[PDB]
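Undergrad: Chain residues, written in single-letter form:
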Amino acid sequence: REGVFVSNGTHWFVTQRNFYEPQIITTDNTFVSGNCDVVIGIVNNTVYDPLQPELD
Amino acid sequence: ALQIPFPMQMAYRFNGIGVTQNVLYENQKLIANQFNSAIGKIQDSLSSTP
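If you read the protein sequences in the order shown, they are chains E and H.
Per UniProt numbering, the very first residue in the first sequence carries number 1091; after that it's consecutive.
Per UniProt numbering, the very first residue in the second sequence carries number 893; after that it's consecutive.
Just so you know, these hints were derived from the structure itself, not from any lab.
Among the hints, erroneous ones may be present.
So the derived list for chain E, only partly shown, Cβ under 8 Å to chain H, looks like this [to be verified]:
no.: 1; residue: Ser1123
no.: 2; residue: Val1128
no.: 3; residue: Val1129
no.: 4; residue: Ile1130
Note that CB positions come from ideal geometry on N, CA and C, so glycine has one too.
Please construct the entire structure, taking both the sequences and the accompanying hints into account.
TA: Quick look at the structure:
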C-alpha cells in the first residue's frame, strides 16, 4: 500500500520509503491485483493473515 | 543519492499523480514504447520546426 518490499538476504519485509522500519508482510498492508504472471520481477512469499491464527 | 530500479521509480511517480502503481506494472512494455516513440519524434520536430 505504501512503502517498499525490502529483503535483507533471507526475509522479506515492507518498509516506509524514507526510514528503515521493517514490518511483517500481512494482508492488511498490501493489496491484490490480478494473477501473478504479468508483472516482471515478481517473487514468491507467504503473506500472513492475522485472522487465521485467531480462528474464531 | 540513493539508487533505485527505474521502473519502481516511475511507479512512485504514478502514485504521485493519483494512479495506483499496479497500473504501471501491468503496462510496462506499452508505456516504454510510447515514451521511446515520443522521444524519437522530438528531434524531428525541432529540425522541422522553422
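Undergrad: With 8 Å as the cut and Cβ atoms as the points, is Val1128 of chain E at the interface with chain H?
TA: Interface hint status for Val1128 of chain E: holds (6 Å vs cutoff 8 Å).
Undergrad: Identify whether the interface hint at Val1129 of chain E stands, where standing means a beta carbon of chain H within less than 8 Å of its own.
TA: Interface hint status for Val1129 of chain E: holds (4 Å vs cutoff 8 Å).
Undergrad: Regarding the hint that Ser1123 of chain E lies at the interface with chain H, is the smallest CB-CB distance below 8 Å?
TA: 4 Å, holds
Undergrad: Would the stated hint for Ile1130 of chain E survive a check requiring a Cβ distance to chain H of less than 8 Å?
TA: 6 Å, holds
Comparing the model with each earlier hint shows no violations; every hint is respected.
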